[PDB]
Amino acid sequence: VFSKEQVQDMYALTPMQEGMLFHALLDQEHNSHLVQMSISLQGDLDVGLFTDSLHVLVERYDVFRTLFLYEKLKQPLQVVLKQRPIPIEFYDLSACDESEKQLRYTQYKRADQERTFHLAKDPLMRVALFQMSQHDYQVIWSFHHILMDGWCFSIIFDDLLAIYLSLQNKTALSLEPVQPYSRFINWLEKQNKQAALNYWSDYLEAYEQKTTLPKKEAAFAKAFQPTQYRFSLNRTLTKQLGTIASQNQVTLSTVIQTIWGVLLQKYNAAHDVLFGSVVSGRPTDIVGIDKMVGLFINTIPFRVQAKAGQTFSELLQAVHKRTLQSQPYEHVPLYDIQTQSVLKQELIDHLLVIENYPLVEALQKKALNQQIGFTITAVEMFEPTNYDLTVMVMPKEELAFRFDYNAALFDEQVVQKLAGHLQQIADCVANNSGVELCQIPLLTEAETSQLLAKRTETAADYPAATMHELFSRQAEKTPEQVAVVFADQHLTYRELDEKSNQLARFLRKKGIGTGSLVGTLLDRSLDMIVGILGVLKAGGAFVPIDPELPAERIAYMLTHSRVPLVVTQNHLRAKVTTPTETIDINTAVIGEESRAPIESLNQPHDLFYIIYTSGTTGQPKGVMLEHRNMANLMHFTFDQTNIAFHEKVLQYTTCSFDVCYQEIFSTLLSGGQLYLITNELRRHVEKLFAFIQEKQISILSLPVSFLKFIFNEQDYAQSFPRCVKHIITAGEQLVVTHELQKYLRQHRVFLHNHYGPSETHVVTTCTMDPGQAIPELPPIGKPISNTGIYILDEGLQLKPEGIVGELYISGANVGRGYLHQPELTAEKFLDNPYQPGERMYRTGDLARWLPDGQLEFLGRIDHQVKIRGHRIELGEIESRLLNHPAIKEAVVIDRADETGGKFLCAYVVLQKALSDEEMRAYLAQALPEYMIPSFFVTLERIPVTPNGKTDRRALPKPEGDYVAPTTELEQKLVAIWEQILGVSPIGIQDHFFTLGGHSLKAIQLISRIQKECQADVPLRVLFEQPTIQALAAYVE
Amino acid sequence: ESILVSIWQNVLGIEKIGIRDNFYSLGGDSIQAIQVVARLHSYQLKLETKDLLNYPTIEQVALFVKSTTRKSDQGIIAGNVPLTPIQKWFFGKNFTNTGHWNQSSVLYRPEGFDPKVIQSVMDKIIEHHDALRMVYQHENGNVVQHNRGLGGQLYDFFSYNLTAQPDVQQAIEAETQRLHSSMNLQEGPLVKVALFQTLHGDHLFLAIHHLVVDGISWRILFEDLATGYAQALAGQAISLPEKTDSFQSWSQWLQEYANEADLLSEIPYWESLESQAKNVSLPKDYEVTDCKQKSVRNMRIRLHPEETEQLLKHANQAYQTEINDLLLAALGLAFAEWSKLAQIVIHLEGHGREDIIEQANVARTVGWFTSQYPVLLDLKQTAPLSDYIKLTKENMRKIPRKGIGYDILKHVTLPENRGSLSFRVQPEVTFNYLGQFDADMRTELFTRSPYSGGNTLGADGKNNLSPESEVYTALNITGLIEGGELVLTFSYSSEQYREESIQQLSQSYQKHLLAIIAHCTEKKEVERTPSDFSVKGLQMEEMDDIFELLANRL
Ligand SMILES: *P(=O)(O)OCC(C)(C)[C@@H](O)C(=O)NCCNC(=O)Cc1ccc(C2=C3CC[C@@H](OC(=O)NCCNC(=O)CCNC(=O)[C@H](O)C(C)(C)COP(*)(=O)O)CCC[C@H]3C(C)=NN2)cc1
Ligand SMILES: Nc1ncnc2c1ncn2[C@@H]1O[C@H](COP(=O)(O)O)[C@@H](O)[C@H]1O
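Those sequence lines, one after another, are chains A and B.
In terms of our numbering, the numbers along the first sequence are unbroken and rise by one, the last being 1934.
In terms of our numbering, the numbers along the second sequence are unbroken and rise by one, the last being 575.
Just so you know, these hints were derived from the structure itself, not from any lab.
Keep in mind that the hints are not guaranteed to be accurate.
To be verified - Under 10 Å between C-beta atoms, here's a sample of chain A residues computed to sit facing chain B:
| # | residue |
| --- | --- |
| 1 | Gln973 |
| 2 | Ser997 |
| 3 | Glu998 |
| 4 | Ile1083 |
| 5 | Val1148 |
| 6 | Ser1151 |
The C-beta atom is built at its ideal place from N, Cα and C for all residues, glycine as well.
Put together the whole structure using the sequences plus the hints.
Next comes the structure, spelled out in structure tokens:
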């Protein structure tokens, strides 16, 4: 029975015991919180004196007689009892079968690892002795994490052996007074809390984007399965890292931490990465703290940030200084430091731990120092472990690493590769201290050669003839067939050839040719295809212009092109205000030119085709293809596409955009028939689909906005043509709606998705979908014949599969450069660094290799949103909006306030009016609150360029969060919330951590609840549903 | 420094470490630094490893090496001494004839007390302890203290032979009464000494102006006098213990401390006191507003030796009180019966020296450190004696730093800092409990003169305050233990209270003190109260919750 006499003391919990009490209260899938030192002793051991010495050890240390009381208190307490013996079970197995003994022992030992301590009701140690022979004993000694840092066991076992020796030799205890843990508590209360929180809020200040490592899978279940991998660096590489450290004025722990820093950088995009570092937390200010038994070990954020020009030595200095500046404050609990950060939680998700002295070895050396009758012959330890990953490092003779990781979340190949990269970094750093962080490669030869093989595979041999020579060699095959039809008028291939020969013979009289270029401001007509092919046969490059362009833009394009000659219809002659010769394509003299084939007089290597892009330059700039570039595409398109040959293709893309010519040459050189359609008819879907179905068009090509939106125009989408077999699309991150899903699934149309900068060609990768199954965000697929594709970092270094980087494109598709403003060209176009002799174009796109060998697109490098610590795929929010039955067409953009603070917003067009919440809930079904748009704008129409891309410029500026009503019903929790949080009135649907709560105040909350009412609710509830309404499931 | 080089050598293992080689370049870490510092402190040098790491070169860290113990300045010191709070109180109280406000004792030595020996001892005493040299100049009509050097005239000395008079006691009484009038505070010795010869042995009179001495300072002065006389009788060089931090530096550090925000953190407590003390009052038998010391009378009450031993040994344990807590709770009950007031305020003299400046050691420092603070005793709930003693126990523990702060705020903190503090509650009543007399009779080499006269250290001393000085406190209550008995002294002014009312008050005290000693000795258990446990702000409403939860859990 209890009596008040028995309590020695009470205390408030120290921050570490506060954190570990929270942790122990959180989990119940296991409560493995434990350590199980398992020590093998041979020789002679008086179990009676061992028992006595354990009882004297528990009497000596107040921390072993501590119990933690929290059930109803304002604040957790340590209560220390004056007397509290620990269990000492003893099992003499010396009379048991060697076959039984090891089994019985193992069964017990594994059962003990399951026997959870109750932090109040039970003593927080156990000991068990198994006597296995006349001279063989095995000890199991489980204890709770909350009692002490596991390494403290080296002290406790030393005291225990000293006591045992004193009892065996009947000699007075020599032990010094216990350095009482209350001495540290006093120092923690002496220290100024706010000065340290005001330092850690500064340390984390600019932390824009969270660190990651490539987690295999989402948390579909808590299938946690503790797993390990381990490796070590060679003798020489380790002492080389020691030489680097001792030359740079930093610890070896700093070199190891910087190597892991650079690794996390290269594995992310970032120049600024943060991970957990575990520090002893013992403030050197305390007298005798290196003998103080208790709980000190602390987790601090560790941040490595680099400038682009920074040498590794210059990162060493900076991370060293940042470590010294942190040392005064490393006692602050991470639960408060997290509250100082815009990442209010999940600031850290893996640890790097450095331990110069493991407990084994250190313990395994001890009893060798005393003459007692037994020798400790082996030792083991066990520690259930928190994080999904933890990199232990032991600076042994050979610098040894171990990745404790949850193999439910990291594939073994991921970790194996990660250790390969971690050794390759370490070797690069170790050879030159002064290499730039950009110039350190992660990849071993086995990965380098495997990635480069994707250029050498899918090489192909082609005749590489000129594009009009390919037409001529096709036209001789079936000249009598109808090649092109426009309105209700058509040309045969023969007539197209003859008219092109005539026009080319005429145009050569103007001096057009290899040294020359021709402007083709022609509106859509049969004359347009004849015009193009004739200018091609004239051997100069053709420069098309959309009549619908601004006249100022037309005149700019003409004058910047230095074009001498422009081909137009009569009415367009007023458009050419420039001092340039203007040719009527109808001029009857062309009828007098010799209609037989004109000779081929320019070669496949030469310039071919130029169009003007948008960009960051206020001037549009002209990108120019060589004939070899299109010829290379044609042979691939024939060899490796499911597009049928003798087929009817709808031309759609306007001549200002290269997919127009993907239509034209792919149709003609496949011998198909071009169905042209009048300019404005692109505006009349009710007429487009009528034409397509009534003309029974078999092949179409559609901009990405047409796929997103027009298939949600229910009246017309339910009337969509079904004669089509194949669709081509390019230009924007492709999205397939639930409607487009249902249509493709029913009609089994083959959809082809193509990608390319246009500066090579808008096809240089592709994928195609049989309509059997379709991802919501399809990949951009495989590279194509004689195209090399590389994901590089800013150093032009390859980077491993599954990692994002700059999508460099190489091979026969790479254009010559820019027609004018050629000074930009050397920035974008360069030789393939890994293989001179191929041109390469620096696309502004990020991409990632998928393990299956498809290529993933991640949008422009300029638009990596990284809202409030998190990256966001705007296509996911677009997918969710476009799959809402009420939404026909929608866009999402990173807007910003007039201070420059970025925010998400959505621009939406709907079949009905609905409230903001009637879509916001539809997002909250699936999207985290970092990636639901802050505002929704309703529009009549999304702005599109005639190329079909959405335009960020024409959408209106926004006008005018978690905020919630005080829909009170019972204030009881609100009063509890208000009294604990203090900072604000509390909304009934409001979020405890958004209100500024944190892990420990949650236990203060629940402990208040379970006294202010006869109520209880498991702590996980407040993390599953961090709201007052969450407890509606628990009030009754 | 060579020692630090030697530690680096025999900790980092590398030999021949240069004078400015780098700790991290030599392979140090968070552990080699600990090994250096632990090793280094064996030479009594201290160095926080924060400095060893941050200044990782021998030439740069040596600038942060310190001695583990400061050597307090044992030299001769002089000059301006700022008033301490109790000195400022004294000058602000502005007595008539301030040159006669003293403490004293009469020593006796059977075998004689030869003048030259005791003179040489007092000489060394005043050379050693500096504060006994001060003078108080009244410059510009303010006051400033000058600590004099050894410029001669350390103390006045007189010698007499009383054998010509049979009534030696009357002669020595009248002569010591004479000497008390002679403190030239502006210019002269503040220590007066007289030796009276008699056939039965020599008697030695010491008198010292109270501005420079204190009871602890008397214990020091006596045991130093004993060891000095032992040296003089042995003929060895008179050589007193190492001088602790001199009063000048205490005054300086106090003036510096008086403006720290640390002290101001106490300000809401003393405000919460004064804002409740506003209507505190004490009745008088006659309406009068000043008295002279000749009007004061005192009376004594005693407990028996058995009850005194019970109070000293057994009455504490039942509540973990200390002696002061019981005497003061009894004083509360006494006033609760006698005055029938709802509340009363009592002023207590702490010994000062409250470790306020960590580098300050005053264990051997002569001065007037007596620190005065008010306390409010609650009298509303006297019925459960089990709880009244608990309540009084806890209030005595809520006082910060045992009350040294309050008179700094009244006298030394710069008046913008000291907030709303009104300082206009005055010591109508004061209580103090001395130890045993053993500070006087501390040693056998000499003892208290049987002709002690009116010259005691305590407030029962007749001669040491000038008869014309104003009575600054109406009730002065002091306890002491002598003859194995507790003696309580009540001092009152005959013009403010009449004899019957103090006989009432003193019996209503003895009654409740014996009631408390019985009650707390009979209680055989032990109880404890929130101040025992080391939980900040724990309360009766909470400690008995925790002891309920443990009783339910186990
Ligand atoms: P110099 O730098 O050499 O150091 C000086 C010396 C003298 C060497 C001194 O340090 C020493 O004697 N050495 C001690 C041992 N070696 C060291 O140097 C330090 C060290 C300690 C421990 C290990 C090993 C660890 C790490 C310890 C544990 O780490 C861990 O995962 N933390 C405990 C889990 N508890 C938590 O909940 C985490 C902290 N709380 C939080 O903030 C949580 O995020 C909350 C609770 C959720 C916050 O709530 P809400 O607000 O979010 C256990 C992991 C692994 C062990 C093991 C098994 N090996 N060693 C190594 C070195
Ligand atoms: N099919 C596509 N999917 C994703 N992005 C594309 C696609 N086509 C072009 N782009 C991107 O749009 C830009 C080039 O546009 P354009 O040159 O007008 O085709 C580059 O950022 C390309 O990565």
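Do the hints match the structure? See the list:
no.	hint	result
1	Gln973	holds, 8 Å
2	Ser997	violated, 42 Å
3	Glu998	violated, 38 Å
4	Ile1083	holds, 8 Å
5	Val1148	holds, 6 Å
6	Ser1151	holds, 7 Å
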